[PDB]
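K.L.:
So the chains spell out like this:
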Amino acid sequence: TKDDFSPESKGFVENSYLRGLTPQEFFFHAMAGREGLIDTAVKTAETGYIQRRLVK
Amino acid sequence: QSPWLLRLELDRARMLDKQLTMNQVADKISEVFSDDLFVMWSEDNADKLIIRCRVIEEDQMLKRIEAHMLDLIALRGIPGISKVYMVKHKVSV
Amino acid sequence: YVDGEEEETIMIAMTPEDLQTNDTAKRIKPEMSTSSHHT
Amino acid sequence: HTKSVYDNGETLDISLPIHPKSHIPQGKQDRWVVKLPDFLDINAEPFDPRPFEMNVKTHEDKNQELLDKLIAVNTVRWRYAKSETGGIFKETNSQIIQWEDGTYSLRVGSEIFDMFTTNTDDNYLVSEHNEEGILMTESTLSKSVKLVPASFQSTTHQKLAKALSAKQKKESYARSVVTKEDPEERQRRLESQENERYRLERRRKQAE
Amino acid sequence: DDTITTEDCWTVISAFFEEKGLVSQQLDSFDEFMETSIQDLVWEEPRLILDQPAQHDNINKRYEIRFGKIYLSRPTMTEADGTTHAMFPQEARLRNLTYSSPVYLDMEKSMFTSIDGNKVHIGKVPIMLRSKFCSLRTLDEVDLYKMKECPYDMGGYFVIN
Amino acid sequence: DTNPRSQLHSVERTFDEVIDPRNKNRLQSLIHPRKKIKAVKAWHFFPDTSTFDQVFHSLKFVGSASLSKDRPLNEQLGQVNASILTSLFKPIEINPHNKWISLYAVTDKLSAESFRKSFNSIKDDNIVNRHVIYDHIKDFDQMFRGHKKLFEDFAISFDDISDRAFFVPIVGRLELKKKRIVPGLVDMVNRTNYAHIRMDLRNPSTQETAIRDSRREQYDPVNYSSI
Amino acid sequence: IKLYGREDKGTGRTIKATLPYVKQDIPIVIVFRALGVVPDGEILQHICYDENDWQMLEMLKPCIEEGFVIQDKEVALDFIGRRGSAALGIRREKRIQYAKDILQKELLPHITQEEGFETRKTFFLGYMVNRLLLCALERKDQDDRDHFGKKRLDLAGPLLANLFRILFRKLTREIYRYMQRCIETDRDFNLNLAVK
Amino acid sequence: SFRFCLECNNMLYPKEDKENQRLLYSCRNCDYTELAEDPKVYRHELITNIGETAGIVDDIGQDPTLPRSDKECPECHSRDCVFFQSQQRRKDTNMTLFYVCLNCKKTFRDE
Amino acid sequence: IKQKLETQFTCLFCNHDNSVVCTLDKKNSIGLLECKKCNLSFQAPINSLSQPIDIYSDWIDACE
Amino acid sequence: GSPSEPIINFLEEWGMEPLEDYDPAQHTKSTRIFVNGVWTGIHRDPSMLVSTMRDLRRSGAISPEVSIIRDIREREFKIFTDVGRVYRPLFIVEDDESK
Ligand SMILES: [Zn+2]
Ligand SMILES: [Zn+2]
Ligand SMILES: [Zn+2]
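Residue numbers (the deposited numbering), protein chains in the order written: chain A, 789 to 844; chain B, 1190 to 1245, 1258 to 1294; chain C, 689 to 709, 720 to 737; chain D, 75 to 282; chain E, 9 to 64, 69 to 128, 153 to 197; chain F, 156 to 234, 243 to 390; chain G, 247 to 442; chain H, 3 to 113; chain I, 15 to 78; chain J, 541 to 639.
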């Protein structure tokens, strides 16, 4: 529903991997993993450029 | 002088929180504006804290003066220091 | 059928068991107690 | 103080011919403007059963025929009714029904269409006099009236829904064909003929 | 009534996949294109106009051509010796051909003058496999095997060269 | 029901099932399909014979041209006013580019009331020569939109004594907006319109009456065809 | 429809509207008058829908002050026509006709294309300015660019339609050029040779 | 609030008479001039609360995505209501709730 | 403050191109067009939103 | 993709009033009606209209891939027949209180 600030409504996963995630928790966890992948694949080029300038 | 009047209502709570006096604000306005503007201020005990002003087609001139006053009247403090926090530092002596 | 824009105005139950109101191995479902009733 | 622009005082002695009215509004010169829906038509002409029967048109397109049938059966009509006393009276198939809540409804046969009235200000009805080039006002149009079907189960609404649903189902513009030969054969044979006549024209021009 | 189990939901999903399949969007879009979009694009600018106020007795002549109907056919293959025959996707794959069909347009010419036309081939459009205009749409399971086509193949692609 | 005989039979069935408005019992028998509310009063739906010869247009004021909004104009013309109900409109067009409408009204309340009473009581063949003078008020810019179909819009007037409802066709819609006259064209403006217009009421000529009857013969030929 | 002026900077917060085939931005009042509604009150009637909201009226006040210089429809259209990126030296009447053309067509084409139908265009302009003011007065968040219900997918159909439109226009231009060349020779062309 | 001209519908700018010492609203496109009722020429709110409760509609009870509570209505004492937070979306906006009854449809707080 | 700008307009008396200079004074609300070859001067009032195209169009209207 | 002409016909049949007959002062509570992003009219009883449109779409009278959106907060009622909209199917729960 609208204006829900409970932990389950905003991305708290109360189950374990052994117990199994619910679909909402599954989607939120996928969002977080996508964030991780984007962050790595975006910061790599900046780090490489900084390393090259330092070496030169 | 001019019939146009300029009065501004200031929040009592934040004015007391900053620990400021109405006379101080009046002296700041008087210093920055010399005698070009006549200023009066309601006392502390007033229900609503107000401070009027009077100039000595000028509606737009008064609007520009009010905008300039709101923009760049510095009451106290170091310019550029937007906010200040108190911190505790653990030091070995 | 509903598209993404029409989804903002509807209320969706996750399972048909959700339409009607202590095991260590079964997953736990949200309470959804913020509202007294759900339509 | 905006001074009046016109002060010449020139006056035209124009006289307008006016005809008596068959009816006169009582208590208020108010009229209600009603938008005509697609499913409703107005037939001011008197109903003539034999030409009506002789002019029924049949089309292959089922949707167009169904729309024509619906608008024809729903058309507002009137006809002369021979009274039992030997006189002639005007008889119509359309009536206006007012419910207890004060709302009005237009009824044709068994079909009933509700009326939604919206108040309109500074809206009047005028009569045009083209031969003199002036407009003579008639009355005031206080309310604008829209006609809405009463319910889903009404036959008019079901026929309209069926016609509009099946109208957009038929969509086929491209027509299939069978190719028996190379499609580029015409181009190459006409290019060969054009090259031949170019050579002949060049030879003739050099020989002319 | 009775309650609806998860198996009923899977029955409904099976009905969905029995009706639509997995590549229905591609085939439906291509069928919409071939059926209406080509005709609408042709009718967007249906009139080319050329005028010539000839004075060489003033005769104002307008020359204009109209575009009419679009005609499509099943894909055909034209050999070097001049013969033609129906093409199938396996032959196009093996011989590096393009699976495409000719497009015909009706051009009507008129000669306007004031003193004061059949099917033309406009090109070949590649055909999406298993669509309404593909040869494999009709073939049943046995002739599909005889045509060396896999029955598990779903279509939704083109064969260029 | 594609049979023409079936369509004709449906037409006569609809014609025969008309409920008499005086029949209170049959009126109460009728029930709203959705509201489930009984009927109170009924009125017959008939066309108008005396007005089909004339041409009717729905005239509306757009925006600030509202008479209610213009308070000094409304006060001058009276706070329904007979002056508004008897106003005159005079379309004058110097050229295709420049066009406007001239509005005239009766400032006096007594003259306007007498003219309105005389106009609304025309049922005999005696009309008094009411030389009414109309005064110019204001000018507005105009635009016109035409109706593709004849009976696109129709205004309904009621008649309680006969339990009928007369409707008239609407040819087009006229919209008016306030026009500010350019100061450089007031010299030509003063030569276009007039400060006063006198209206004289006279009996219609026989030839014009015959022409109007011939026009009405399209609708009603039983009572108006020439012999 | 840009909203110039920063908070407490740049004096007035004017609203200028960018128009197609027009070299410089235009204040909203001038184009509103050009469409054919002069009075300022009716411009505010079109833009705002609740008179008690003094803040949006205050934000529209600089636009009214800037546009007060123009007071007639025809001068507004002429002002549109000067900046219309056309050939220099065009006459005033032709400039006004060019402004009428560039205003009827190419200005919100999805609404309508016919003459005398600009009331809906004025109402839509009021709607756009209302949305701009509602976002500017912190009453609503800015639109989510990444919202998926505001996106569309182009399948084989639309892509092939765009490609075929380009190629058919090229073929039509080739037919036109060949026809122009052939009319020099004055021959009854087969018309099966122009098409490539 | 600002008034408009009654004859040409333009804005009525305030004007001051030197000889008469009066505040008058005058249209600059004509000679019309109407006497002002109040001297409040201009008012600017640095911190404002308008639009917090102004975003209310009369059909908000038909929205199925809104949560439903059992708070007591101050007017008709109904047992069903629909609540939501502030429609203003600045960073300083409070998290207080506005409750709407399903009979009288008025907006009331819990404090 | 007078503003002098070189413009690519065409003089209607000498027919030479790129010899038109626009001089507008916003303080006195005036605009002067001078031909570098013909030495003719055209004066027209200007407003707060004036641009050299406005004075050029005014000159075109005055010429015809 | 679907044509928008039957949608406009249905809307005009069920009491929608065009823009030329619209006064914002008078209509302080009417709902703006958009069709494919084009503001085409207004209405004062949006509940009956959205119920009728949804029932017609569910019966097959309107194409199933047509979008029917009612924004109660902004007082808007939007309809989309555009091409390229991604959709998914869902079960329908009987929400009629009287049932
Ligand atoms: Zn004024
Ligand atoms: Zn209550
Ligand atoms: Zn020169």
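Rather than coming from a laboratory, the hints here were simulated on the basis of the structure. Be careful, since some hints might not be right.
Here are some chain C residues pointing at chain A (derived, C-beta under 10 Å) [to be verified]: (1) 690; (2) 699; (3) 704; (4) 707; (5) 709; (6) 720; (7) 724.
Computed beta-carbon distance windows for the label pairs [what the hints assert, rightly or not]: (8) F:260 x J:604: 35 to 43 Å; (9) B:1194 x G:388: 33 to 41 Å; (10) A:830 x C:721: 41 to 49 Å; (11) J:543 x H:79: 49 to 57 Å; (12) A:818 x B:1276: 33 to 41 Å; (13) F:195 x H:5: 43 to 51 Å; (14) J:578 x H:32: 35 to 43 Å; (15) E:184 x D:262: 28 to 36 Å; (16) F:260 x G:250: 34 to 42 Å; (17) D:88 x I:29: 56 to 64 Å; (18) B:1212 x A:835: 52 to 60 Å.
From the three backbone atoms N, C-alpha and C, an ideal C-beta is built for every residue, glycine too.
K.L.:
Identify every previously stated hint that the structure contradicts and give their numbers, smallest first.
P.N.:
1, 3, 4, 5, 6, 8, 12
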